[PDB]
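Asks: One-letter residues, chain by chain:
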Amino acid sequence: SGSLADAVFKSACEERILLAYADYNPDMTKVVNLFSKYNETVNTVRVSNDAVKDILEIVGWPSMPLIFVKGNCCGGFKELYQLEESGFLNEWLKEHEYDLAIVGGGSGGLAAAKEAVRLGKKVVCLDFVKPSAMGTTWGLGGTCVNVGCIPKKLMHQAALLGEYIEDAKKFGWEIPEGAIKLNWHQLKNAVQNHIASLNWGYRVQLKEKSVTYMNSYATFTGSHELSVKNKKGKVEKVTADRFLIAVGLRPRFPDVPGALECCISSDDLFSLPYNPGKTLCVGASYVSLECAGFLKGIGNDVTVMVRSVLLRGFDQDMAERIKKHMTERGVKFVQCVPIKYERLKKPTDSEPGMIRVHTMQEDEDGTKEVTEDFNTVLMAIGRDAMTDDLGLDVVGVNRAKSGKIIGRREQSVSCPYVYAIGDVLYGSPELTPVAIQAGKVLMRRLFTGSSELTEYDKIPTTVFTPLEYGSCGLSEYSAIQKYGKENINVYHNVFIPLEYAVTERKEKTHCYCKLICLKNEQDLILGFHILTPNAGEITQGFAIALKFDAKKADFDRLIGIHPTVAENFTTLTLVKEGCXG
Amino acid sequence: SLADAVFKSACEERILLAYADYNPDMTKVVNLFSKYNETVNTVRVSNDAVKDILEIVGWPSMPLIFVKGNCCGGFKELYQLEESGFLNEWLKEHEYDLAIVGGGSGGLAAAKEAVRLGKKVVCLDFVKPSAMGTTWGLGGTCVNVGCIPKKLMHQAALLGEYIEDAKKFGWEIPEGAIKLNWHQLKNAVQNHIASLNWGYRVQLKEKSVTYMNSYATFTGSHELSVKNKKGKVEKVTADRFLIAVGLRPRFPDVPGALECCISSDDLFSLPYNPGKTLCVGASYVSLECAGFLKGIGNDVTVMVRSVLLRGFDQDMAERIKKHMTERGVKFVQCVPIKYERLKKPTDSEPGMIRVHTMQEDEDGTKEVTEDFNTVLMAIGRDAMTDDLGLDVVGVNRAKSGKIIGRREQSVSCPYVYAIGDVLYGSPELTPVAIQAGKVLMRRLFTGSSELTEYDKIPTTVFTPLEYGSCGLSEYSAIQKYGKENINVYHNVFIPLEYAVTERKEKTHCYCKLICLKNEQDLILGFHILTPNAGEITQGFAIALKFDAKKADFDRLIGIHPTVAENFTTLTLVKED
Ligand SMILES: Cc1cc2nc3c(=O)[nH]c(=O)nc-3n(C[C@H](O)[C@H](O)[C@H](O)COP(=O)(O)OP(=O)(O)OC[C@H]3O[C@@H](n4cnc5c(N)ncnc54)[C@H](O)[C@@H]3O)c2cc1C
Ligand SMILES: Cc1cc2nc3c(=O)[nH]c(=O)nc-3n(C[C@H](O)[C@H](O)[C@H](O)COP(=O)(O)OP(=O)(O)OC[C@H]3O[C@@H](n4cnc5c(N)ncnc54)[C@H](O)[C@@H]3O)c2cc1C
Ligand SMILES: [Cl-]
Ligand SMILES: [Cl-]
Ligand SMILES: [Cl-]
Ligand code: NA
Ligand code: NA
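As you go down the protein sequences, you meet chains B and A in turn.
Letter by letter, the first sequence follows residues 10 to 586, 595 to 598 in the deposited numbering.
Be aware that the second sequence starts at 12, since it is given in the deposited numbering, and climbs by one per residue.
Please note: incorrect hints may appear among the correct ones.
[What the hints assert, rightly or not] Just so you have them, the derived chain B footprint on chain A, three or more residues with Cβ under 8 Å:
hint, region
1, 289 to 299
2, 337 to 347
3, 369 to 376
4, 554 to 562
5, 568 to 575
None of these hints come from the bench; they were simulated from the model.
Ideal Cβ placement from N, Cα and C applies to all residues, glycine included.
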């Protein structure tokens, strides 16, 4: 009674024009008639009836029949006729310079580039770094490599190593008596040397695999045409049968006087030629807290200014516990939003400047304008998609209010040969390994015709605060909101990592884990949360439990490794709030 | 009717006979029990339930008899118990519901769980001193002379390497050599142990467990004789016994061994820096101890018969050897033939031992000596069960001194159970001892079918670079399924924490995933050489409880940046 999904998508990938049809074929000639206009031959497949629902779910279209052009699902006749009518289909059916043009040389872009090339495709990768307002710019590899996960983790490690020196003394290492300072210049140089090695590793990796790299900023000027502008101002034209947008985000600045003149962002922090000194971190994002955390850990006076709550979107119980701990470690939290930044001093080549930060502070007997002076202000309120100058209007790629591209999965909802992955895809969790997986999987779908989907649910994270926060699945609140207080079991414990047992570390009273369970479905695990050293290393493997609908009973029959923090997930009995014969 | 209903009844009733159809001599049971004014309860088991119930209790055929919630077998085994007088003494009231011989990982965990289920329990614990005179408090091997002190000294070693990283991340540490003071480390470790000793001793009182610091021996069918430090002998009776007595370090039949060589029982309370150290043996204990002693700046030699880590993946063992060699540990394939004491330890200084070896040169074989401050005898661990009176209760032991189980029930005595290192075939790990204890207590006093899972147990060897594993070695998988049906996926990686350093570890971190090719790359085992191997291995180990495939590892989204995410992006196949 027909053929199946894999056979359909293989044909779809192999053939120039494929019509996939079910029970009936009204307008088959209208399609064949429409393509005959461009001397194109239309291939056919009768799909098995008990396979259609699966095929439709995968491509994200409501009903049959389906039309593919050069291995891209277009929809039905309605969508094809729109493409023909606009002249886009005429230009689409032409030969183009590249099988795929990738706009962005970051996590997703590079991963997609390597995977497309492994599948024997001609690919162009475009990457350009518009400087920050402070003038800061960098090499290939994107946010993660240059101004994100990598530099952040290295400075976090600089901070942990500070706490490790004190433990070393308590385990009996005879460290001479002096106060011990962190030299910012050595740290920043060590970080920038590593980044430099990655910049060059990716640049080489692209050459070794015959990916055409262009250090040019790309904009759509045709249906199948990017105009790309290099550093010196040279403008070239690049054509492709398909486009992938993996452009990412840049730090958000608020509409406040001085913000842009006075406040660095994460784009600037990791190549600062000076110790940032007394620092104000503005915002409640994980970036704000991670940066506040390590700056404290390397000995700076650190303040964090937040609108209301920390880590909006994370479990607020865990957020509060991070707040308690970072407060005990000497970070100062104030609930205020600056109304003006005034530059008192400019940075020299080796010393920080000075900014006067203005706030409206509340008495009981009235309201006061208040100022406080900081060496450095880090604007860390969020990250925005900077897609206004991409010419997505020219290719008719629908965007959300926020500037992100709206997907039918990774396919532009409105344009079948433009795809988006990574931070710029509306609703995509903003993580490197998601950008990487989305890229690699998309490239296998497009050029192999496989049914593999990226799994965007139950993604584990770690917030690399001074005491790390690992999580996967629902917050306690989301579980209770969705299923009812009455149907949720929360199993939890405190614990002292054995490494801390011999020390008088503040961490000894803050390590906590909890497991959130659906009571009415055998304590199905909905989420887990842990506050510990090495939270990332613990959370990663436990996260696979959610792919198999793991129950509490599965955590309980898993034998621990002793002595570790991780084994704590194995012996939870405490709930948060005899043969009787 | 069904299994849960059978085992509930079995736990609730004094004497229960479980049957299928019209079993032969169900009368001669009721007749036998009528002798002791006992009522024999009955249950007709559903046919669809029998094979399940028999698998659980570990008996071949169906007419089953329970006594005080203990599965005895069939009429044959009951008659044996009656004939020996044991059944008569069993049906009497006794002082305790359960007597536990051993105050270690298993014993204490069983004690806490029995008491939570409302039972009167006595826990017996005594520590016979080492040959060097060393002794310690409650909590067993792990607390006093095992996992806990070992991991703390391992961390002392790691913190040594962390000081050097601190300089490369820009911490201005005053210049010149930094020494580890052994006395501060040993005191810090012993202070922690002291807190655990006391925590367990209090924990037992708080829960009304009777603790007796006495060494126990069976002198009746249902009677232990227990001897305290001062030499006082008391008698303890119970309706059931749990043996959770553990092991002690093995010494070889070699002149001087016992006089000259410390064991792990002595190492963690040594009143001196051990100095130039010889570690004898290939066990994880030998290598872990060799590793940290090197990490705190000692001249360390390891002497092995042939291979390291017998039982572990030899590819990973070789990689551990290469790394520890690069970190300055000296490996020689020699077995000492004599130890001669040159000096006794005195005044917080180590002694000196002359170690004799047969080495061959271009002419033949010659006796050779080398001098060490300290020799750690770490060849293995044996069950010291000769003096337990297991002959009196008729608890069968294996050649090695371990108790032979029908699961955790003595194969030969239905009211005696064993868990932990002393149960024949039980992996020798704390969390196994703990789970076996807790689960057994729920079986015995709740009548649940819950079994401890003894397969696919994750471990970590806390060598200077940690080795984490779960499931088959490459070799076991190839031996069992054929090289043609095994995919080995692997990678090297540099922990980001090392990227900025000149560490030796940067060339030794490796992971591999062992897959059954003919069953969609079903994961049979995984192995990783990395910092925090324990923390990474624990959660990945749950994948094997669900018959995880490579595809499950591939659709799991990594946490960046971590070592663990490496299990998410393996593409390279090891070819051989
Ligand atoms: C401070 C910080 C810390 C982070 N920490 C973590 C973490 O610990 N773990 C984690 O998983 N994630 C972390 N992230 C997020 C992670 O970096 C992002 O999710 C990921 O980098 C997004 O990758 P991408 O490929 O989608 O975009 P990007 O990596 O940003 O790459 C987009 C690239 O395209 C370039 N580009 C933009 N427009 C154009 C154009 N028109 N033409 C050509 N090129 C263009 C951009 O300049 C950039 O080079 C962090 C982010 C930040 C800012
Ligand atoms: C150096 C070393 C490192 C280890 N590292 C690890 C590790 O990292 N992870 C891990 O999981 N496992 C580790 N182990 C193993 C772990 O210690 C054991 O597996 C575990 O302690 C076994 O617990 P148990 O209850 O079986 O026995 P034990 O903990 O040995 O308890 C037995 C107790 O019973 C006492 N006893 C003996 N006979 C009698 C008697 N007749 N009457 C009364 N009391 C008696 C003993 O003296 C002792 O007090 C390590 C072991 C060693 C030696
Ligand atoms: Cl780190
Ligand atoms: Cl924290
Ligand atoms: Cl530590
Ligand atoms: Na025990
Ligand atoms: Na004791």
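Asks: Among all the numbered hints in the text so far, which are the ones the structure does not match?
Replies: The structure conflicts with hints 1, 2, 3, although it agrees with all the remaining ones.
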